[PDB]
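Missing here: one protein chain of the complex. Every other protein chain is in place.
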């Protein structure tokens, strides 16, 4: 894809195995990748939601799982869910607006 | 052995006679009516509470899709289980949301 | 309203004192001992049978991880529900495996 492509919405999580680090310490480096990426996101208890260009988002996830390894994880189980609607795109707001009090 | 868990789930219905958002709305209604703490996300809905109670919520959400007209449903679930202390939404997200300042 | 479903699940344990493969082995043992048709895959294990029976299998597999030494477990589940006819493993895979010739 490129910056013109219609948006996707995605969620992902990383579950690391680390011999000498606490899980939360390793996960914090994965979330840092998300925080530093520039894309709209929201961290949830089980999954982090992303919105933006497909290839940009997949690269965020790849770098997030690598951040876990760089932080001391020997391995990572990474889960991804993608809502793909390339014709007109899909957004966080269209999926959650009915269900959150912050929306009018 | 705490049965307090955090769980996320989603339902992806097939419904020939319905727009999928309307079907999913009835699944979300089960969650809304349950009494448990929850948050609807773009890809999955997060729940907090007793394992068995939450599993029943998900089962009924799946059934609600069929009752709303779905021919079939693909239901995804993820559970964080930690019986030593239980697991909560706030423990997992406090570092990562502005609302926790 | 057939409750015959196909389900996949996985358990990803944290266990400071154990190699994770050994912990997961005890979860797979619950599946092996259940009596339901199953197949272990690299990323998830597939089950076929009654919805409630299968959910109980997964719950006990998750518990087996803790009993084997896991401090916590992330359990993933996916259910294909189609009460008009039920859903089976063979209906989903027959086109795609050589063993079905």
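For reference, chains read A, B and C in written order, and residue numbers begin at 1 within each chain.
Basically, a contact is a pair of C-beta atoms (placed from the backbone, for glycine too) under 8 Å apart; a residue touches a chain by one contact, two chains touch by 3 or more.
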item	value
Of C:25, C:50 or C:56, the one touching the omitted chain in the full complex	C:25
Option touching the unshown chain, where C:8, C:14 or C:63 are the choices	C:8
Contacts of chain A with the absent chain, listed as residue ranges	54, 58, 62, 65-66, 69, 74-87, 90
Contacts of chain B with the absent chain, listed as residue ranges	12, 14, 20, 74, 76
Contact footprint on chain C, counting only the chain that is left out	6-8, 10, 25, 28, 39-44, 46, 48, 76, 78, 80, 88-89, 92-93, 95-97
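Everything that follows uses one rule, which is that only the chains that are shown with their structure count from here on.
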item	value
Contact-richer chain pair (by C-beta pairs counted) among A-B and A-C	A-B
Centre-to-centre distance between chain C and chain A (centres being mean Cα positions), rounded to whole Å	26
Shared-contact residues (touching 2 or more other chains) in chain B	76, 78, 80
